[PDB]
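Asks: One-letter residues, chain by chain:
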Amino acid sequence: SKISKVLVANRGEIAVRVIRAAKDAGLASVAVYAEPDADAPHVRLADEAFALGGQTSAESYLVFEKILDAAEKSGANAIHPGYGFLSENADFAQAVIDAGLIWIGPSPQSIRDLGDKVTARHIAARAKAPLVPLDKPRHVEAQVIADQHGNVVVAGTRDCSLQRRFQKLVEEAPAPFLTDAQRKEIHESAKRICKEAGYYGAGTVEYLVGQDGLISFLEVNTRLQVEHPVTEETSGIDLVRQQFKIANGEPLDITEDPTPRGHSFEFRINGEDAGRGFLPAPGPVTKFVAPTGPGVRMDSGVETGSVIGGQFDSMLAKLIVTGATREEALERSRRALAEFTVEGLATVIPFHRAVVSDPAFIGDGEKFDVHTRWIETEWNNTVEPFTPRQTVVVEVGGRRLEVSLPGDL
Amino acid sequence: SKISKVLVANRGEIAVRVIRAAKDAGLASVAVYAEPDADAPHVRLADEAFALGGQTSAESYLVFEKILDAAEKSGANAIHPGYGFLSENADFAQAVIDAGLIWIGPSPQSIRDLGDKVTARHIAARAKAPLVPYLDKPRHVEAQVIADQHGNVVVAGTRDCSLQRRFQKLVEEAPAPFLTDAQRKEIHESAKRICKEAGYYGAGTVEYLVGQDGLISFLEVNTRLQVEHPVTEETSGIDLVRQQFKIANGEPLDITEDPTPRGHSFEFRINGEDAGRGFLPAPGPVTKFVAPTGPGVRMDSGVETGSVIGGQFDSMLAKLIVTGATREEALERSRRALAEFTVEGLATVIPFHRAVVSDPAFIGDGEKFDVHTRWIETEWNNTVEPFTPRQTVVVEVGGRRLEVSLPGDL
Numbered sequence: 007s008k009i010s011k012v013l014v015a016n017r018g019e020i021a022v023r024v025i026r027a028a029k030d031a032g033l034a035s036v037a038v039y040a041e042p043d044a045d046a047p048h049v050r051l052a053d054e055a056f057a058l059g060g061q062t063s064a065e066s067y068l069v070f071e072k073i074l075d076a077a078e079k080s081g082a083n084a085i086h087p088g089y090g091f092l093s094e095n096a097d098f099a100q101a102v103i104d105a106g107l108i109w110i111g112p113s114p115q116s117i118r119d120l121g122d123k124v125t126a127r128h129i130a131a132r133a134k135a136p137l138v139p210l211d212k213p214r215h216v217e218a219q220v221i222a223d224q225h226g227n228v229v230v231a232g233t234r235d236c237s238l239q240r241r242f243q244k245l246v247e248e249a250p251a252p253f254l255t256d257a258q259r260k261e262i263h264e265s266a267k268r269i270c271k272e273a274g275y276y277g278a279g280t281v282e283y284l285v286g287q288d289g290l291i292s293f294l295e296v297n298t299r300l301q302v303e304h305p306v307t308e309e310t311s312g313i314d315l316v317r318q319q320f321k322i323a324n325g326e327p328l329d330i331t332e333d334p335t336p337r338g339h340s341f342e343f344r345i346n347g348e349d350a351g352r353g354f355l356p357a358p359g360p361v362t363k364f365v366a367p368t369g370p371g372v373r374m375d376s377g378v379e380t381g382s383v384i385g386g387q388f389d390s391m392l393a394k395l396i397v398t399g400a401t402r403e404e405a406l407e408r409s410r411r412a413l414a415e416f417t418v419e420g421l422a423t424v425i426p427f428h429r430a431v432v433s434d435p436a437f438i439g440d441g442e443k444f445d446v447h448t449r450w451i452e453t454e455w456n457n458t459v460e461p462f463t475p476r477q478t479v480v481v482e483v484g485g486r487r488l489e490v491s492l493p494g495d496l
Numbered sequence: 007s008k009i010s011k012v013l014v015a016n017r018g019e020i021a022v023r024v025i026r027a028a029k030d031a032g033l034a035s036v037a038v039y040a041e042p043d044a045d046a047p048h049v050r051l052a053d054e055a056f057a058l059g060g061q062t063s064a065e066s067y068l069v070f071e072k073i074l075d076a077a078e079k080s081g082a083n084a085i086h087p088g089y090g091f092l093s094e095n096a097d098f099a100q101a102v103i104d105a106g107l108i109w110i111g112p113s114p115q116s117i118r119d120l121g122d123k124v125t126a127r128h129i130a131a132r133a134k135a136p137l138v139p209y210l211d212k213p214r215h216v217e218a219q220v221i222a223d224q225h226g227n228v229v230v231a232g233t234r235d236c237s238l239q240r241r242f243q244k245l246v247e248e249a250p251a252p253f254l255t256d257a258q259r260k261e262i263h264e265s266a267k268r269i270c271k272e273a274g275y276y277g278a279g280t281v282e283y284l285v286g287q288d289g290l291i292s293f294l295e296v297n298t299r300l301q302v303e304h305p306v307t308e309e310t311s312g313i314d315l316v317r318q319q320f321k322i323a324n325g326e327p328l329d330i331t332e333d334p335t336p337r338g339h340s341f342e343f344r345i346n347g348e349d350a351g352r353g354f355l356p357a358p359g360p361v362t363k364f365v366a367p368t369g370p371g372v373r374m375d376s377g378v379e380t381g382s383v384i385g386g387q388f389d390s391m392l393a394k395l396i397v398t399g400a401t402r403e404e405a406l407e408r409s410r411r412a413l414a415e416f417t418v419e420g421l422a423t424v425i426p427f428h429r430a431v432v433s434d435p436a437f438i439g440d441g442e443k444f445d446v447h448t449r450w451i452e453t454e455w456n457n458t459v460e461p462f463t475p476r477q478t479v480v481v482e483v484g485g486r487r488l489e490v491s492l493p494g495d496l
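Chains as they are written, first to last, in PDB author numbering: chain C, 7 to 139, 210 to 463, 475 to 496; chain D, 7 to 139, 209 to 463, 475 to 496.
Don't take each hint at face value.
Under the rule of at most 25 angstroms between Cα atoms (straight-line distance), these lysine to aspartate or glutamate pairs were calculated in the DMTMM-like manner [unchecked claim]:
#1 D:79 with C:482
#2 C:11 with D:379
#3 C:8 with D:419
#4 C:363 with D:419
#5 D:79 with C:489
#6 D:244 with D:122
#7 D:363 with C:379
#8 D:321 with C:440
#9 C:11 with D:407
#10 C:321 with D:440
#11 D:8 with C:403
#12 C:267 with C:122
#13 D:72 with C:489
#14 D:8 with C:404
#15 C:321 with D:404
#16 D:11 with C:482
#17 D:321 with C:97
#18 D:363 with C:54
#19 D:363 with D:460
#20 C:260 with C:332
#21 C:363 with D:122
#22 C:11 with D:403
#23 C:244 with C:452
#24 C:244 with C:122
#25 D:363 with C:415
#26 D:11 with C:261
#27 C:321 with C:489
Part of the chain C face toward chain D, derived, beta carbon under 8 angstroms [to be verified]:
#28 121
#29 122
#30 123
#31 375
#32 400
#33 483
#34 486
Coverage of chain C stretches by chain D, computed from C-beta distances (three or more under 8 angstroms per stretch; other residues unrestricted) [claimed, not checked]:
#35 96-103
#36 302-315
#37 365-372
#38 401-414
Worth flagging that the hints you see were computed from the coordinates, not collected in a lab. The beta carbon of each residue, even a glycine, is placed where N, CA and C say it ideally should be.
Sequences and hints are given; from them, build the entire structure.
Replies: What follows is the structure in structure tokens.
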């Protein structure tokens, strides 16, 4: 059951990520696409790709028989679901398993037992999780790695407290401001919870930290979270490669929780307008200019001339920025967002520029005020909404200036 | 006396690197550009830009008069020289100091004392450097020093640059692999002792040959923050150009001691040269340029789509930097990145890199590898097939002459 050819059934940036991971593993990367995505970067990047009919996710990507028939015609050995449509579906996982493809992910039994929140409540209880008995709670997340043998590591704790509509938008690692006692509790509790569940693979435990630092267990995601990069860049673990090992069932070579070497931020570059209440704004990508440079990583499902219809989730790309300290990572994030430009779409880039500037998010350096309601409730939203010249370059005494004047003088 | 505004006195990727370092530090950046570079990324990316009006390095960036004049006209408090041009010109360094601008680099006396091979040959003996009294198949291994004006010295890391042409680094990696810890310890302590006896401050690289059967010899210190620095900067986790800003400020070293390197990194220089033609350079249009992206991959490009390359300047267009938890992983990830990276319209060494990261001599057996400073030109099986106006209008304003170079036709 040693992975060889992987059908990555997901669209977008996570498809690109798993294709790249498979290449790094030397595995053969197969992809699949909906009618709108027939030219998307993941489709062109894969070693081969297969077409599926229809336009909605329900036609294109959710149909078990489609994805399994594509794996059959590919002769794919493995399936990977990404972080999207299939990934939480235990019934699909079962169907893949009994089709006999190596399912890169947790047992359907585990996905069910952790999804059934009554059952998951009893799991947490048996695990002796810090269950709840909050105001302005904070969101913190143990990235658990667990093997089929029951070795468990906490690769690092993220913070994901910048949310609107319970969607994350900005994510942080290691979790900025926790007492050592809190971090120890979080780690050990996570290990206990996933062992009590017998979970294996990559995963995440979402915890919610109240004001004054009470911890409530929230949930286990049972999937690779979109948030994965900030714990990759802070720990050094290649989580998807580890996930391939675990699917192989090789022991976890990581014996102990890696000390995080620095600080990292992630920004979800969604196609929605903070001035328009973060409503999607589907349309053309007239230009796309990633901020490739020092301390910056980019992941994207979108490229120059891409067309972004409404059929799928709005998140185009993830910008990941890393430094030796939170201060330095902030400065680098400011520069990276200042240089990153996207044209023709409304994007959350102005909001990210704002919040990375906002004192409320900078904080005192000993504590900060961001809470999961903050973007909804207390951020002074001043991002004004979204939507020829002739441009000439004039040198005045040798000083370079750009001038834009009416295209009709 | 602190830095506040920096003239980034160079062309290309190092210009962009130091502009970005400035943007991070919150320092205003003034670029200068020769006429060929009027649309380069650095000129469109800096906060301010001044034309030098020269066609060639001899006509332009090397002219002290012009670049000091630009410094005046922009009011830069400080000047940062890139990894070429005047960066090791002590007379220029002196001129900048006499201008009173913060020269972001070593003292002119140090640049002299270590540029003169005789003086350096005295200095290294007085430092008691490890020395061999020539080698057949030497490796090139170099220690990145950091030093403040106070005398704290840190070895940021040891870097292997043995994939060289006779005169040109092509692929670089850190930490220097396949060394005994005894050898490292010796190259670390020797790099400090040389740096302290030089009285050096700023960023610097100390270069050694490591021979077959492990004989170590010092070669030279290059008193510049070398083009190969990013691999060290990410493996050590030190923003070396920032630290260079700090030391130009004269702060004590923040880093108190040599950090333990974490993982492994490679840096591939995308020279605009035909490996299949004998590494001959050529001019031409970069008609397309799509960088690799995603995990463990970084690109520092001085060149952009629709950029055109004239032969009067450094053939180095961009450099690709790839990092991993271990050398094997980093090699794998580089074999991906060099495959994803595509450029078209210009001869580039990308195929040679793609080959060498696939060639066993550089992959090594696990504790040794066969690459040596001659190996590329002497033993690599070269598989690769060859690739195939301004209207300067004078205005008088209250009697001040003011040339305005407009775009010509309009």
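Asks: Does the CB of residue 122 of chain C sit less than 8 angstroms away from some CB of chain D?
Replies: At 34 angstroms from the nearest chain D Cβ, residue 122 of chain C fails the 8 angstroms test, so the hint is violated.
Asks: Does residue 97 of chain C sit within 25 angstroms of residue 321 of chain D, going by the straight-line distance between their CA atoms?
Replies: Violated, because 58 angstroms separates the two Cα atoms, which is more than 25 angstroms.
Asks: Could you check if residue 486 of chain C really has its C-beta closer than 8 angstroms to a C-beta on chain D?
Replies: At about 6 angstroms, which falls below the 8 angstroms cut-off, the nearest Cβ of chain D leaves the hint on residue 486 of chain C intact, so it holds.
Asks: Is the hinted pair residue 244 of chain C and residue 122 of chain C satisfied, with a Cα-Cα distance of at most 25 angstroms?
Replies: holds (23 angstroms)
Asks: For the region 365-372 of chain C, does the count of residues with a C-beta closer than 8 angstroms to a C-beta of chain D reach 3?
Replies: holds (count 6)
Asks: Would you say the region 401-414 of chain C counts as covered by chain D, given the rule of at least 3 residues with C-beta under 8 angstroms?
Replies: With 6 residues close enough to chain D, the hint holds.
Asks: Measuring from the C-beta of residue 121 of chain C to each C-beta in chain D, is the shortest one below 8 angstroms?
Replies: violated (29 angstroms)
Asks: Please verify whether residue 363 of chain C and residue 122 of chain D have alpha carbons no more than 25 angstroms apart.
Replies: violated (51 angstroms)
Asks: Check whether the Cα positions of residue 11 of chain D and residue 261 of chain C lie no farther apart than 25 angstroms.
Replies: Violated. Residue 11 of chain D to residue 261 of chain C sits at ~47 angstroms, over the 25 angstroms cutoff.
Asks: Are the Cα atoms of residue 11 of chain C and residue 403 of chain D separated by 25 angstroms or less?
Replies: The given pair, whose Cα atoms are some 21 angstroms apart, holds under the 25 angstroms limit.
Asks: Are the Cα atoms of residue 72 of chain D and residue 489 of chain C separated by 25 angstroms or less?
Replies: holds (23 angstroms)
Asks: Does residue 321 of chain C pair with residue 404 of chain D here, judged by a C-alpha cut-off of 25 angstroms?
Replies: holds (14 angstroms)
The earlier numbered hints that this structure contradicts are 2, 3, 17, 21, 26, 27, 28, 29, 30, 35.
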